[PDB]
Every structure is written in C-alpha cells, then in structure tokens.
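Take a look at this single chain, the form solved without the partner chain, given in structure tokens.
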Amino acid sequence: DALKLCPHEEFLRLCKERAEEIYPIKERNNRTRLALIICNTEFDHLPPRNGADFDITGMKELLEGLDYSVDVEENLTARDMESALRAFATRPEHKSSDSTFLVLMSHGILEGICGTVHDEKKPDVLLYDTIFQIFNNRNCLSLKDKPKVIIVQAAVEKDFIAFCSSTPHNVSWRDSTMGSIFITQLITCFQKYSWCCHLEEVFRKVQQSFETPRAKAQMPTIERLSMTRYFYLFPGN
C-alpha cells in the first residue's frame, strides 16, 4: 500500500476550472508546509498507549508523502502541549505554506485530551478549545484563510476541520496492537483516495468504513467544521 499521486494535468486542470471552489495551493518550490504530531504513550495514572508508535510513523510517513514537514512531540504534559502548539502557530514557514495538519493522540475526556500526569483527582488536560484559540484568525495570522486540519484521538475561528475518534483504550487498537484502528483506516483512505477526493470527502470515506453493525459505535466524527471551500491535497504536486 502506497500513497497514490494525482496526475499533474488533473492538478493543473482542477486548479483552473475549480479555483473558486478549492483552497489555493502553493508551488512545490518555495513551499514550506508544516505538520505537528503530538502523541502521549507513557502515563503516570493511565494505561500505557504503547503501539501508537506505529500511528506516529504512519501519520508521519503519510504527511511527508503529502509534502509536509512533520514535527513530533511525545509524552508531554498539558502545559507542554499548550506551549508546543503556540510555538507551532508562530513558525515563519506557515507564511510560505498553504495548509497545516495537527495530529493529537492520547487518552482523553469530553472537554479535552489528557497529559502524562493526568489524574481523576488532579486533572492535567489540554482543552480542545485551546487548540482553536491558538490557531484562530486572531492569534494565528500566517495560517488565516488556510486549511487547518485537526485529527484528534482520545479515550472568529475559520477554515477548521476536526476528525475525532473517542474509541476507548480497550477496543481502539488493531488485533496486532501495531497501531490503532482509527489511524490505520485513516491512512488507508488517504493512500487510496487523496488523488481524486477532497479532504472532507476522504474523511467521509473513513466514516463509511465504520458503517458496519460492529464498528458503528467507534465511528469517527467531523466536528467544528469552519472551512469555506474544498481542500484537495493534490498528492504529488
């Protein structure tokens, strides 16, 4: 399985004929798009999430195939995750970028994602709203009017989209324990459909795979959709 590339002519054709419907794409040269992967595997009061190492390498290989430079932050606290996100939102390469990806994977609760020192009595949680506050058009200007794809896995803001999986830790991993079900299905659909589908359409393909009578409960959800146009990643261009 590999990331199928979109033909150059279709990338040029779709850019001309559907320019007003799709997000703009910067040229390969002079392009410095960035991506950030935050993943907590070791905890003090939570079960170990070892096996997400394959989700890190999988997402990192996929984003690199999408011409993204991936920064990996691992086993951080709630405050350290806050500081890493704002440092990412202020990097100058976003000015020469067209989009960004934020992949956050750890244990979680409804209001946010847990950190390495989370306890049910002393919670250490990064709230989901903090992520949008950091990258909104007010506090992040180099990514204004640009797609800000957020992919979360747990247990005015514009141009946002969030693919969220809250599958509990017991039933969230593949039978091999070599990666999670959600990430593996996400990578598979990106490798098979990035070249002919826009981003939100790819997220729907991932959801359709969870449309079995057994997997419907673990179905990922698209939340806080603030995007104003379609995002074709045009893999290979």
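The term rigid core refers to the most C-alpha atoms you can superpose between the two forms while keeping them within 1.5 Å. Residue numbers count along the first chain shown, from 1. Residues that one form lacks are left out of the comparison. Compared with the form deposited with the partner chain bound:
- Mapped along the sequence, displacements between these two forms of 2 angstroms or more at every C-alpha, sustained over at least 3 residues after core alignment, occur at 170-173, 175-178.
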Second form
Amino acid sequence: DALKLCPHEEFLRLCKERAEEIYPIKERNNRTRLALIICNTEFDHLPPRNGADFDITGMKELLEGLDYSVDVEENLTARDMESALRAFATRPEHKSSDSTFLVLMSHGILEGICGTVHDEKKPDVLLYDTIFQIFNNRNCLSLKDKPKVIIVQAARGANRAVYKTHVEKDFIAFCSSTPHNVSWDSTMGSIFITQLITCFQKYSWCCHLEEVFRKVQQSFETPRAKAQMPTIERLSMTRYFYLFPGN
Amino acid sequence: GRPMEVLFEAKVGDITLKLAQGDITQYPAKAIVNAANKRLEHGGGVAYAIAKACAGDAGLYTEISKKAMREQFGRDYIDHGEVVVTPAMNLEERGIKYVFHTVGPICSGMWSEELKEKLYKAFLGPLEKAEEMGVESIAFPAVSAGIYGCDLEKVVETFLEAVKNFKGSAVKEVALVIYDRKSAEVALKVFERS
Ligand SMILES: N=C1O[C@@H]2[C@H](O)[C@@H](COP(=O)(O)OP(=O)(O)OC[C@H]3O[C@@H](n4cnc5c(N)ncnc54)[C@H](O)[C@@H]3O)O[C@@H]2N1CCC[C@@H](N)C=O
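Cool, the form solved without the partner chain is there; where's the form deposited with the partner chain bound?
Following is the full complex, with the preceding chain placed first.
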C-alpha cells in the first residue's frame, strides 16, 4: 500500500488545458514545499492520545511522498503551538513553494485545539481563528494565492466588519472531532488518519484535494460510522488543488 | 464450573502463594486483578472476559470502571502502579468481591529495565491496594504477557519479585492464574527455579 503516482504527460496536460481552474504547480527542480505536523500525545491533565505515534509517522511519510519537507512538533503548549505556527509562516522556503499542509492533532474544544497543559479551570487553547489569521493574505505573503490545507484532528471531551472574506483566502480545513477511542491493534492508529492516508494513496493521482476529502467522507457514509463524519470547514479555495504525485 | 488446578503452593513469609491453571473469573479470591489499559476500556483480553462476567455486557463494566477511576483518582486515566477498584457484581456468586484494575506496559516483544519497572509496579500496586483495604486473598493474571507482548517468563519472574518484596499482614493468599496449559507449564518452571 503506497502512493499511486500520476504520469507526467497527464501532469503537463491538466496544467495546460485547465490552467485557470487549478492551482499552479512550481517546477519540481526549484520547488521547496514545506509541511508542519503538530501532535500532542501526552498531557498534564488529560488522557493520553494512544496511537498518535502511528498517525505522526503515517502523515509524515504521506506528505514527504507528496514532495513536502515535514517539520514535526510534539507535545506543545498552546503558547508554543502559536509560536511554532508563526515561525512556520515566516519560512523563506514558502516563496519557492506552491502550497502547504498543516496537520494538527490533539484534544479539542469548540473554539480551538488544546495544548499539553490544558484543563477546564485553567485553559490552554489555540483558537482556530488565530491559526487562519497567522496564515492569511495580510500576515503570510509567501503563501498568498497558494492553497493552505489544514487537517485537524481535535478530539472532543477535553472539557467535561467581515475583513475575513478579503484576507482569508485559499484555505481548506478537514476536521475530525471524534472523542479519542483508539484501540489499545498495533497495526494502526486513529480511523480518521488511516482513512485519510488510504484515500490519498489511492486517489491523489487522479482527483484534486476536495475530491480526495469526499472519498474519505464516503468511507464514513454508513450507519455505524456516520456520527464520526469528518467535515470540510472554512473553505476559501478559488481553484482546484491537484497534487500531481511524482511531479 | 471449569476445572481450577493448583500446580504449585508455597509460603512467602506468612503469604501462601499459589499457581493455578484456569479461568480467573472463576477463581475463589476476594479480589481478582484485571490486566487493563490506562483508560479502563475493556475491549479485549482478560479485561473483556472480566467485564462481561461482572456486568453481562463488557461495555457496561467499562463505564462503571471509568466512573470509579474518576472518583478514586480525580482523572480519566491511570498510570503503572495505580489501581482502580470496582465491585465484582455478578462474580460475587463465585466469592469474588472486587476487581482491581492494573495497567502493565506494552513490550511488543522487547524487554528492558524500564519495561520491567513498569510491570513491577503493576504487580505490586494491587498487592498494596489489597493490604490497604484488608483484602485477604487476591488472584493475578499474567499482566502484559498477552496482547501487550511481554515475555511470559519475564512476566512471571517480575510477579514473583513483587510478591517477595511485598510487606503486608492483611494479605494471606496470593494466586497467579494462567488460562492455557502451555503457558501454565512455563510459569511452573519459573516458580520452581525461584
Ligand atoms: N482493550 C483492551 O483492554 C486490555 C489492554 O488494553 C490490553 C492488556 O493486554 P495484556 O496486559 O497483555 O493482558 P491480556 O488480556 O492480553 O493477556 C493476559 C494473560 O491472561 C491470559 N488470560 C486471558 N483470559 C484469561 C482468563 N479468563 N483467566 C486467566 N487468564 C486469562 C492471556 O492468555 C495472557 O496470558 O488487552 C486488553 N484489550 C484489548 C486490546 C487489544 C486490541 N486492541 C488488539 O490489539
């Protein structure tokens, strides 16, 4: 089970015939794609997220297979999560990139994602609005007009003047809020990350990003799984994002 | 019920230590130990067997166990050495009053001094809990020797070390219960070396 690649002659064809409808791909020789994974597995005041180590490795190798250089940050407070995202936003390799992936995995509440020291009486929450503000068109010019994909696994149960339409552009968020119920089966981790990787491996060669996310959602379109249905949120993409694996 | 066969009996201090072959859900001890995970989610292994025998539905005993864990520790998870106590419910008819939930480490075929200390605390914890409550008899499964993949001989050796180092006057009987016959023969060899 590996990433299926798109032939190069189809990569040049789709980039030429549907140029106005797809995000442009930087030439591979001068392209330095960057991705970031922030994953909190152990918490001071919350249950551990077992299986997260398999989700980190799976997502890292998937993104590297899509020609992304992946920084991995683990077990960060909400303050340090924000600092890591701001630092990632200022990286110069983004100027030589066409896109970016952010993968955030932790416990969550409605308004944001939890840091390692979170507790309901002393919260440690990175607000979702802060994430999009850090990478918007005003604050991150190197990724302006470029697709910014935010994969969020924020397990619920941690707590017992529209300037946005103009600046927040080319985002898409794919979110799973399922309470952490990973089995204590070594061959896999969370079902959401497993299905996400499988659909990328099977469909990235022929489908754009939103179609890949719909394939993941389809795998949850069954009575036993529909309550855990991942959702597409804060969509602001102006074109289709074809990954063109291998190109 | 099914046959409970004592394969070894000896005195460690005033404590009578036994090795038995059979089903721990049928062993006549006031407390039986569950090889749980840190969340008390009894979804497989001896944990599922104990949970279904206690409540008829393993999912129900999981919720009962999670309520007890929060009451006794103020949080929804435990670490190696900590013990959550739950009523044995349907197992009372076999003389069992409590289930002591302990959590061993995940070796996955490896062995180290770090893994041994975690398993040692998971064996000593229930013994100290029994002493604290005045529970006179306690039975153990081979914690971590199944799904968590710790070597059975090292598990039994670590269990014996916890029993020998345990100091208590209330605990009079300790038992290790092995289900399958082949693993019980392996445990008996370890018992006789020590
Ligand atoms: N959700 C869960 O909660 C538990 C823990 O997470 C974990 C701990 O594993 P453990 O510490 O190695 O203990 P085990 O039960 O595996 O074995 C312990 C030993 O007792 C034996 N034995 C089994 N029956 C009986 C019985 N009636 N009487 C007496 N002896 C019995 C076994 O033969 C073995 O020798 O497993 C559980 N589990 C499933 C997760 C696996 C799944 N996700 C796929 O991977």
